[PDB]
Structure formats: C-alpha cells, structure tokens
Amino acid sequence: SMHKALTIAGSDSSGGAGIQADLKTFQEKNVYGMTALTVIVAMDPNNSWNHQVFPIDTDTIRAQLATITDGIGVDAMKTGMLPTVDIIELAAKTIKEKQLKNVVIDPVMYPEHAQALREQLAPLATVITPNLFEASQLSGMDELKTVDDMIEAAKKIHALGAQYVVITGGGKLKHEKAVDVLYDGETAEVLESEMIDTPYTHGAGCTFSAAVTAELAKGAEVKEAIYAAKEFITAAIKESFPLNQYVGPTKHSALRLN
Amino acid sequence: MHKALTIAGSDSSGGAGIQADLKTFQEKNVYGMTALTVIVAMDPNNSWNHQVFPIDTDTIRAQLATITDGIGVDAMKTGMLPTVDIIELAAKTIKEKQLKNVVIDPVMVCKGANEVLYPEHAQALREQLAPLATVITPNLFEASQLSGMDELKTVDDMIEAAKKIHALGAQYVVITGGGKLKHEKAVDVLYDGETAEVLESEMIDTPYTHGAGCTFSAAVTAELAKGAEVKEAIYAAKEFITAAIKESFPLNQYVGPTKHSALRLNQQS
Ligand SMILES: Nc1ncnc2c1ncn2[C@@H]1O[C@H](COP(=O)(O)OP(=O)(O)O)[C@@H](O)[C@H]1O
Ligand SMILES: Nc1ncnc2c1ncn2[C@@H]1O[C@H](COP(=O)(O)OP(=O)(O)O)[C@@H](O)[C@H]1O
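These protein sequence lines map, in sequence, to chains B and A. Residue numbers for the first sequence, in PDB author numbering: 2 to 110, 120 to 268. Start counting the second sequence at 3; every next residue gets the next number (PDB author numbering).
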C-alpha cells in the first residue's frame with residue numbers, strides 16, 4: 002500500500018539536506034523512499050564547519066541503482082547532488098534506459123559539470139528546480155535580481171527540454187514575499203508564500219524538490235504537486251531552528267504537526 | 003527537536019538500515035542523523051544476492067565527528083558495523099563522547115548455520131559494544147551468538163540468554179523472537195538486572211518483516227531521545243513494529259518491508 006520514490010543524491014552528515022532531507026520528506030508524505038548515494042559530505046567541527054567531501058565509486062552507485070530501478074520500481078524520482086560528470090552521465094543514462102517517470106531534477110552545482127547538467131540531465135526532467143544561482147548557470151545569463159529575470163531564465167532553461175521549470179527565489183530574492191516562478195511550455199506563474207525572516211533554510215531546496223517528487227509519486231498533477239510542495243517548505247521553514255552556530259535545517263514534520 | 007544518531011548501513015531496498023532508522027526517527031518526530039558504515043545492494047539478476055560495499059573507517063570517523071562533536075545527540079543506536087575496526091570506532095566514539103541512551107542492535111555479519119564465520123566481529127560486539135548498551139536488542143540468532151549458547155527455541159531459552167547477555171554489561175536486554183519463534187504470539191523478552199518480562203503482541207502471519215529489527219531498535223532509540231523511561235520506550239517500540247508489520251507489503255518477490263507510517267495512520271495514535 003505504498004507509492005515509491007528514488008533519490009539519486011548525497012549524504013548530509015548534518016541531517017537537513019540531501020538523502021536525509023529527501024527521506025524525511027518522503028516519509029512525511031507517506032512515500033516509501035530509496036536512495037542511491039553519490040557522495041558522503043561531512044562538516045569539520047574544528048574548522049568552521051568546513052565541507053569534507055567523500056565521493057562514492059561510480060560502480061557502487063550503479064549497484065544501488067540496479068537494485069532500486071530493475072528490482073523494485075519507482076513512481077517518481079529525483080536527482081540531488083551529483084558531484085562528478087560521470088555521475089551526471091550515469092544518472093542520465095539510468096533515467097533513459099530505465100524509462101523513469103516523474104523525473105525531478107534538482108540541479109545542485120567545474121564547467122563541464124554545469125554543462126552536463128544542461129546537456130544531459132535537463133532535457134530529461136519532468137520538473138527542474140534551480141535556484142537563482144543554478145538558474146543563471148543553466149540559462150547562461152547574469153545574476154537574477156528581479157521576478158522578470160527569473161521568468162526569462164525559466165523560458166531559457168525550458169528550451170533545454172525540461173517539461174516544467176520552477177525557479178526558486180525565496181529568501182535570496184529582494185522582495186516582500188517568498189516567490190518562485192513556475193513555467194510550463196506556455197505561461198509563467200508566480201508562486202507566493204509568506205517570507206519567513208530566518209537564516210535557517212539549510213536543505214530547503216532539497217526538501218522542496220523532495221516534496222515535488224513525493225507528490226508526483228502519489229499520482230498528483232505536476233502543477234498540483236508543485237503547489238503542494240510550496241506549501242510544505244513554507245511550513246517547514248516557518249518552524250525552522252538552529253543545530254549549532256553554522257547551520258539550521260527546516261522542520262519536515264511542521265506541516266503534519268500544525 | 004530531539005536528536006538521534008544511527009551508526010549503521012545503507013539498505014538500497016529501503017526497508018532496513020539507515021532508511022529504516024531515518025523513517026522511524028521521522029515518524030516519531032526525532033531529528034535523525036546517520037554515520038554510514040556500508041552500502042548494501044541486492045543484485046536483481048542474481049536472486050537478490052547481497053552486494054556489500056564497505057566505507058572507509060576515516061569517512062565514518064568524519065561523519066561521527068560532525069554528528070557527535072558539532073551537534074549533539076539525545077540518544078543513539080548502532081546497526082550493521084561490518085568490520086572489527088568499525089565496532090572499535092563505534093565503541094571508542096560512545097565512550098569518548100559519553101553518548102547517552104545507547105541502543106545497540108548487534109547485527110551479525112557472516113551468518114552460516116548457527117555460528118558466525120567472522121569470530122572476532124561477534125567477539126568485539128560481545129566484549130566492546132555490549133557493555134556500553136543502555137538497551138541491546140538481539141534476535142534469536144544474535145542472542146545465542148552473544149550468550150555463547152545453542153539455538154534458542156523456547157521462551158525459557160530467551161530468558162537465560164537475556165541473563166547471560168546482561169552479564170556482559172548491558173543495562174537492559176530485549177531478546178526479539180517474533181515470527182522466528184514457534185509460539186502463539188509475537189514474543190520478546192525484556193530483562194533488567196532483576197526480572198524477565200515477556201512482551202506479547204498479535205502474531206501477524208506475513209513473510210514481510212524485512213528491517214523489522216532495525217525498525218524496533220530505531221523506535222526504542224527515538225523514544226529514548228524524547229525523554230522516555232527505558233521500559234516505557236521499549237513498550238512504545240513494541241507497539242510501533244507490531245503496527246508496521248501488520249501493514250507490511252511486498253516490494254518484489256524477494257523482499258517485503260514493514261510500513262513505518264502504520265501507527266500514525268493505521269491505528270489510533
Ligand atoms: N525565508 C523564506 N520564507 C519562506 N520560504 C522560503 C524562504 N526561503 C526560501 N523559501 C522557499 O523554500 C524553497 C527553497 O528554495 P531555495 O532556497 O531557492 O533553494 P535552496 O534552498 O537550494 O537555496 C523555495 O520554494 C523558496 O521559495
Ligand atoms: N510475524 C510477526 N508478527 C508480529 N511481530 C513480529 C513478527 N515477526 C517479528 N516481529 C516483531 O518484530 C520485531 C523485530 O524482531 P526480529 O524480527 O526478531 O528482528 P530482526 O528483524 O532483526 O530479525 C520484534 O519485536 C518481533 O517481536
């Protein structure tokens with residue numbers, strides 16, 4: 002009695018982003034989650050939280066994918082941190098060959123890395139969910155500063171072959187509200203939620219894309235799912251908190267408890 | 003949020019290890035963090051054969067550093083620690099960082115008949131990790147390995163194993179029996195220093211109990227992290243997998259996990 006989702010992403014030792022975010026989000030929305038781990042990330046506690054990154058062998062990634070895609074099926078799927086061009090290639094190759102449905106590509110950002127994302131993974135996306143930095147990279151334009159900027163980036167990145175584009179803006183956008191831009195082939199919609207005044211938004215992007223994936227896995231319409239996911243991080247950011255002086259994750263259980 | 007650490011392995015099929023642990027932690031509103039020790043896959047064209055990919059001791063150390071030094075935890079469990087070095091690292095971490103509410107799930111590696119083919123692994127579990135446990139949660143196989151006795155067949159066997167393994171230094175022992183015990187009910191044995199209690203639940207007639215033991219120990223851990231008494235937590239955890247097994251289901255022809263969301267949705271919470 003469960004719908005299933007795959008996340009091809011990284012481990013976040015601190016527990017608010019990557020695999021952890023993804024599994025936490027999946028679980029909150031009653032979707033049976035499975036992970037293909039691509040890197041292990043740690044933050045050094047005596048070195049001002051310095052990211053230490055431990056990449057996982059391509060073969061190991063293949064093995065996990067084998068069992069998840071060939072041996073079980075998935076109703077939806079997302080990519081998070083794919084740290085290497087080979088891994089982007091493996092992910093893209095898996096998606097085509099296994100003909101995976103409801104592909105939510107979160108283009109977590120080397121030149122050829124950005125380019126592989128653009129040239130191999132983007133065209134395969136049902137939904138693609140860049141933030142302002144990621145959006146301007148994929149579209150090849152300058153720093154996005156206005157809601158108009160986001161809109162022409164959305165069109166530009168949609169032109170790569172992604173079905174739907176969500177450009178995430180929120181806290182990093184100068185604006186009265188927390189705004190994202192949703193674009194089908196046709197028209198741009200501006201999604202709005204309350205701005206939460208908080209620096210505690212670690213793993214928000216991973217949680218948003220996770221929340222889209224989960225919703226897509228349960229059979230929702232793409233736009234329906236994106237709205238639902240917008241509802242989810244808003245609640246999860248509103249109840250966000252600090253872990254230590256470097257990092258404050260979102261509260262995935264927030265929608266459920268309120 | 004209350005916080006819990008799991009020092010355990012990744013299950014690609016999503017019902018056991020890290021996945022079970024996180025899923026359980028989340029259901030019970032405990033902020034989960036993982037120190038990954040192995041990646042395990044199952045070969046789809048080779049009858050679901052376990053492919054195991056161990057993680058470098060240094061990488062494990064680094065994850066532990068950030069979890070234990072950089073954030074704290076309210077409780078903690080160990081799952082699959084595939085290597086003596088990894089048992090030693092886990093034990094060393096527990097001591098040095100003075101971790102509280104230590105739930106040790108003594109997952110054994112090289113199973114065979116009723117013996118472990120990696121003797122010193124089992125021994126390190128016995129001599130180094132067991133004494134550190136607030137709760138230790140062996141199943142029938144694991145229990146007889148720790149206690150040095152023969153295959154457990156009866157509730158009496160479980161009781162003397164519990165006494166034997168409590169003698170290692172674990173504060174509380176739960177011997178898990180459930181589906182693998184010939185019995186009318188799904189029974190586990192809880193033992194403090196003093197008296198043995200027989201925990202009972204409905205037996206669910208189902209082969210879909212993959213990751214049950216991981217889920218049980220995660221549930222204890224989560225409940226401990228929220229401030230519960232040890233026995234209180236064990237009862238709550240007993241309630242949790244009962245529900246999760248009752249609503250269990252198949253993924254394919256080889257494996258059926260428990261439904262972690264069951265208690266939330268499938269019995270009055
Ligand atoms: N302060 C905030 N208040 C409310 N919502 C926010 C806030 N910051 C970000 N969001 C929302 O959370 C989601 C995460 O997007 P974003 O932060 O751009 O990605 P990332 O977290 O990877 O940087 C977006 O839907 C965004 O609108
Ligand atoms: N068929 C079943 N019906 C009800 N409870 C069960 C069943 N099988 C196992 N359990 C319970 O699930 C929990 C997991 O224990 P066990 O299956 O022994 O661990 P493991 O998964 O490590 O083998 C225990 O509390 C046990 O009593």
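FYI, nobody ran anything at the bench for these hints, they're computed from the structure. Possibly wrong hints are sitting among the right ones.
To be verified - A few chain A residues that face chain B, going by a derived Cβ cut-off under 7 Å, partial list only:
| # | residue |
| --- | --- |
| 1 | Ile73 |
| 2 | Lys155 |
| 3 | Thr156 |
| 4 | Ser263 |
Beta carbons are placed, not taken as given, at the ideal position from N, Cα and C, and that holds for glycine.
Determine which of the earlier numbered hints do not hold for this structure and return their numbers in increasing order.
2 and 3
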